Amino acid sequence: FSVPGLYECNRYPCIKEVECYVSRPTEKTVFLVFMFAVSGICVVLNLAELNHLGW
Amino acid sequence: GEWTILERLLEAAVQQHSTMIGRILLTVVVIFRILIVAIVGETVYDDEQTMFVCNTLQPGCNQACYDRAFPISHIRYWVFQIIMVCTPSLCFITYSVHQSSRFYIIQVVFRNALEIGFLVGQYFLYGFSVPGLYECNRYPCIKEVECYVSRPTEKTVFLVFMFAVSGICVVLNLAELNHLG
Amino acid sequence: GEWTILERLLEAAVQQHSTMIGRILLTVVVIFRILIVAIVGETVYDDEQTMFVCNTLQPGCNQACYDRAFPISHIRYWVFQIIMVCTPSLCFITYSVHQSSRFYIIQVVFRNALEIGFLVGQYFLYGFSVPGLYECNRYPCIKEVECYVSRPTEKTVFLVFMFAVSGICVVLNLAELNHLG
Amino acid sequence: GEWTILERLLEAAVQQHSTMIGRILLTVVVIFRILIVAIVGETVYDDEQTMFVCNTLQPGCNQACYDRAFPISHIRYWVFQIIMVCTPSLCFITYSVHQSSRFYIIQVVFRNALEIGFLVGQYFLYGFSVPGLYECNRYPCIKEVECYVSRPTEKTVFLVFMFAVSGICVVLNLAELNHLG
Amino acid sequence: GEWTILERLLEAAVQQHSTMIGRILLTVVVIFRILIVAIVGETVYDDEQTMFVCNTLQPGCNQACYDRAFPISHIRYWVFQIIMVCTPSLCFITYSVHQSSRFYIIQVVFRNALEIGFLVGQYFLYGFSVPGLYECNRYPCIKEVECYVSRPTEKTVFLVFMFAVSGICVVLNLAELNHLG
Ligand SMILES: CCCCCCCCCCC(CCCCCCCCCC)(CO[C@@H]1O[C@H](CO)[C@@H](O[C@H]2O[C@H](CO)[C@@H](O)[C@H](O)[C@H]2O)[C@H](O)[C@H]1O)CO[C@@H]1O[C@H](CO)[C@@H](O[C@H]2O[C@H](CO)[C@@H](O)[C@H](O)[C@H]2O)[C@H](O)[C@H]1O
Ligand SMILES: CCCCCCCCCCC(CCCCCCCCCC)(CO[C@@H]1O[C@H](CO)[C@@H](O[C@H]2O[C@H](CO)[C@@H](O)[C@H](O)[C@H]2O)[C@H](O)[C@H]1O)CO[C@@H]1O[C@H](CO)[C@@H](O[C@H]2O[C@H](CO)[C@@H](O)[C@H](O)[C@H]2O)[C@H](O)[C@H]1O
Ligand SMILES: CCCCCCCCCCC(CCCCCCCCCC)(CO[C@@H]1O[C@H](CO)[C@@H](O[C@H]2O[C@H](CO)[C@@H](O)[C@H](O)[C@H]2O)[C@H](O)[C@H]1O)CO[C@@H]1O[C@H](CO)[C@@H](O[C@H]2O[C@H](CO)[C@@H](O)[C@H](O)[C@H]2O)[C@H](O)[C@H]1O
Ligand SMILES: CCCCCCCCCCC(CCCCCCCCCC)(CO[C@@H]1O[C@H](CO)[C@@H](O[C@H]2O[C@H](CO)[C@@H](O)[C@H](O)[C@H]2O)[C@H](O)[C@H]1O)CO[C@@H]1O[C@H](CO)[C@@H](O[C@H]2O[C@H](CO)[C@@H](O)[C@H](O)[C@H]2O)[C@H](O)[C@H]1O
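Residue numbers (my numbering), protein chains in the order written: chain W, 1 to 55; chain B, 1001 to 1181; chain D, 2001 to 2181; chain Y, 3001 to 3181; chain L, 4001 to 4181.
Pulled out of the complex, with its shape left as it was, chain W reads as follows:
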């Protein structure tokens, strides 16, 4: 649901849990939430149609 501004990584070759930063961590959150909402609306409409039509 969100995108933070700090990630701690411990992968090779990185030595022992270094820190890494991020770019534009606030537009991506908005875009996430927006698309989630749209997809939910589509889900609801399809469900209502199926019910109205189905047995």
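Bear in mind the hints are in silico, worked out from the structure with no lab data behind them. Watch out, some of these pointers could steer you wrong.
[Unchecked claim] Here are the computed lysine-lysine pairs in the DSSO-like style, where the Cα-Cα straight-line distance is at most 30 Å:
| no. | chain 1 | residue 1 | chain 2 | residue 2 |
| --- | --- | --- | --- | --- |
| 1 | Y | 3143 | Y | 3155 |
| 2 | D | 2155 | D | 2143 |
| 3 | W | 16 | W | 28 |
| 4 | B | 1143 | L | 4155 |
| 5 | D | 2155 | B | 1155 |
| 6 | D | 2155 | B | 1143 |
| 7 | W | 16 | B | 1155 |
| 8 | W | 16 | L | 4143 |
| 9 | Y | 3143 | D | 2155 |
| 10 | D | 2143 | B | 1143 |
| 11 | D | 2155 | Y | 3155 |
[To be verified] Derived DEER-like restraints, expressed as beta-carbon distance ranges:
| no. | chain 1 | residue 1 | chain 2 | residue 2 | range |
| --- | --- | --- | --- | --- | --- |
| 12 | L | 4180 | B | 1168 | 47 to 53 Å |
| 13 | Y | 3076 | B | 1143 | 48 to 54 Å |
| 14 | B | 1143 | D | 2142 | 26 to 32 Å |
| 15 | D | 2014 | Y | 3079 | 29 to 35 Å |
| 16 | D | 2142 | B | 1167 | 56 to 62 Å |
Backbone N, C-alpha and C define an ideal beta-carbon position, used for all residues, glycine too.
With the hints as your guide, set chains B, D, Y and L with the ligands onto chain W.
Just chains B, D, Y and L with the ligands, lined up with the frame of chain W:
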């Protein structure tokens, strides 16, 4: 430095009545302790903060991790050791003109104490080895970092040699003590 | 530097009538104060402006903050201290040739004054500690920045040792005073 | 440098008939002027061109602006001052053998002149202060630039101290001049 | 360094009864070994860690590969050699002040042993040459790297010359041994 002042002071301080063991002790402290520190010493620890590098971009991690790893360089410790060990024999210059054996006893016991204390402090500060890796977790460094050391094999030898000499001198001091009552 | 001139001048200045306490004071000032500064001193404060770094890109923020943090290095303060404390004993070289006890009193009181003043100035300038962080708010630097220090644990020891020696010498001077009337 | 040659030469030049005031003047010039320059001096002005930086990319602005700000370092001015002030007393080595009080008068006059001239030159060259900012408008720099200085508080002290010593010596010289006629 | 202390100690240690071969040995150790190390030596090995570079970006490969290639610089090995070889003759002062031939035998034996041991150690540590390439496979370096050396032709000469001198001295010591029984 200026090691000639100490030379002249000593040359004026050794005109004192002693015994075989005191002369042996003076010989040992003069050859294996001074002539090594005066000549071979200053050039090993001259590039200790310049070739010490950590793996990070944070300004202020190298200084902190150095000060945390080597709070005091060995060479200064040994210089102080030499001076404080030779003092009780320098006080004779002051005690002489006053009159113009008891003092022997006092000197001996104080030398025992100083030597033992310095050996113990040496074991508790540095140890027996100097490795080529350190892990540092002091502000501003981020949670831990690896820091690398310079010439870590040419200092271990010094450490061991000095430990041996100190042990020998402690033994000789105790021997001179038991020869007293 | 050239510390032999001082050696010869002193060796010619100590041919004076003194008492136990004056000789003890001379011994202390000679061993625990000079021989340390001459030998162990110059190499600690040699990389003080080169390893001092602040967190900024502004040109001229390191020089200002340095000058604001360490306006005067410790070693030069101590050198000046030594010279000004030894002067009254040097004036004898002149008084004697002029005459070829009162002077004793004058020397004593002046030594008292100088020692006390220098100890107080030491407490008011530097303090008891040297930390590894400084906050700077002096032009050209932007309102406030952080600046880091080098070897902040090897200078605190010097500070403390010198404070102790100065205290002891003040005590001895006052003792010699009360022995006068 | 080699300050022992001067020591020996002087030690062979002071075997001359003088009075209280001449000896006081010699003492002052020897303690507060020579021992300060020999020991504390050479090390302050060692990083004067390396830590002087201007705010520009033009190659050749730092050199020009330095040469325009500090045409001559203080320490060499003071060395020259010392030598030229001690000269009239060295010429006794040459007059002695040739004779194997008039000379006294000539010495005194020339000492007066040299001391006054050097004090006035000090006033007109450097001043009473050393600031941490300079404005430079010399080719190749573009019409003006700010240039920053290193250790601007450790040199003001030297300036003031030397001004005071010079004033005292001028006073003593005039006192000796008003003692003959 | 301060090589005058050794000079005075020796000048006081050679007032001993010897024979042709001891004097020849002293001459050789004094000319071809001391005067070469005091003057020409300290300046060749001053840029040994600063001009040693490996082909990699990993921080901490140069220090490790250096410490693995040159664990100890030749010059300090030779200094130690000189001191330990001259000791048995320095130990005559104490015996002299004590008595105020057997000793000759003991000195000779110990000199034989020390010389042979140091020659063999030289063979086993460094060798007969110093090349301009090294292959390093020590952490943190990745599985291998080439590392390049500075002035690799000015040190081979020193090595060879010192090997020759040591051989000659061993020969002379054995010759003096067979002269007794
Ligand atoms: C880095 C600087 C280190 C400083 C190194 C300075 C070197 C010291 C040299 C040795 C030294 C100090 C003590 C040595 C122990 C330490 C060994 C050092 C080992 C270092 C490698 C001996 O010191 C003696 O110790 C005696 C102790 O009993 C003492 O005797 C006292 O006990 C009584 C009982 O109470 C007491 O009442 C009373 O007051 C004393 O009778 C003597 O007074 C004292 O002179 C001083 O050297 C003395 O002077 C010369 C130069 O040496 C040397 O040669 C001279 O005589 C030769 C006649 O043939 C001949 O050559 C020449 O005429 C001449 O040249 C002397 O022979 C030597 O004696
Ligand atoms: C880094 C720069 C520091 C330089 C350090 C220089 C070392 C100084 C050495 C001590 C020193 C200065 C004062 C010491 C106090 C400070 C202690 C320092 C401690 C430092 C660790 C003593 O000074 C004496 O002080 C006396 C004060 O009363 C004074 O006596 C006056 O009181 C009257 C009352 O009015 C007054 O009227 C009148 O004028 C005086 O009668 C003497 O004239 C004066 O010589 C000078 O040393 C003197 O010379 C030799 C070398 O020492 C030493 O050995 C010599 O004699 C030995 C006979 O066996 C024997 O060996 C040899 O024949 C010979 O070799 C002497 O024994 C020593 O005396
Ligand atoms: C950085 C290098 C600086 C160099 C520093 C060198 C130190 C100088 C020491 C003082 C000094 C120079 C002048 C001092 C003024 C400047 C003060 C300096 C202040 C600095 C802190 C005095 O100089 C004297 O000046 C007199 C002026 O009148 C002159 O007298 C002339 O006037 C006549 C009238 O015409 C004229 O005809 C005629 O020719 C002279 O009769 C003398 O000949 C002359 O010797 C030379 O020192 C002399 O030698 C020894 C060592 O000092 C000192 O100790 C010795 O005697 C003691 C007997 O107890 C005793 O200890 C010992 O036996 C012995 O050891 C002497 O006592 C001292 O005298
Ligand atoms: C980097 C530091 C190195 C230090 C270098 C110091 C230089 C040493 C100089 C040589 C040296 C040390 C030994 C030399 C061997 C090593 C060669 C070194 C080669 C280096 C390039 C000789 O040493 C002698 O050795 C003899 C051994 O037998 C010994 O004799 C013993 O045997 C007995 C049997 O038991 C025994 O009982 C008993 O005790 C002794 O009788 C002597 O006592 C001893 O003095 C000391 O020098 C001595 O003093 C002067 C200065 O030299 C020199 O000139 C003086 O005499 C000249 C009369 O014309 C004339 O000029 C002048 O009056 C005067 O000036 C002397 O002539 C010279 O003798």
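Evaluated hints:
1. Y:3143 - Y:3155: Given pair residue 3143 (chain Y), residue 3155 (chain Y) holds - Cα atoms ~29 Å apart, limit 30 Å.
2. D:2155 - D:2143: holds (29 Å)
3. W:16 - W:28: It holds: about 29 Å lies between the C-alpha atoms, which stays within 30 Å.
4. B:1143 - L:4155: Distance of about 45 Å is beyond 30 Å: violated.
5. D:2155 - B:1155: Since the Cα atoms of residue 2155 (chain D) and residue 1155 (chain B) sit roughly 23 Å apart, the hinted pair holds (cutoff 30 Å).
6. D:2155 - B:1143: holds (27 Å)
7. W:16 - B:1155: holds (29 Å)
8. W:16 - L:4143: holds (21 Å)
9. Y:3143 - D:2155: violated (45 Å)
10. D:2143 - B:1143: Distance of about 29 Å is within 30 Å: holds.
11. D:2155 - Y:3155: Holds - the C-alpha atoms of residue 3155 (chain Y) and residue 2155 (chain D) are around 23 Å apart, at most 30 Å.
12. L:4180 - B:1168: 47 to 53 Å: violated (31 Å)
13. Y:3076 - B:1143: 48 to 54 Å: holds (52 Å)
14. B:1143 - D:2142: 26 to 32 Å: Cβ of residue 1143 (chain B) to Cβ of residue 2142 (chain D): about 28 Å, so the range 26 to 32 Å holds.
15. D:2014 - Y:3079: 29 to 35 Å: holds (30 Å)
16. D:2142 - B:1167: 56 to 62 Å: About 57 Å separates the Cβ atoms of residue 2142 (chain D) and residue 1167 (chain B), which means 56 to 62 Å holds.
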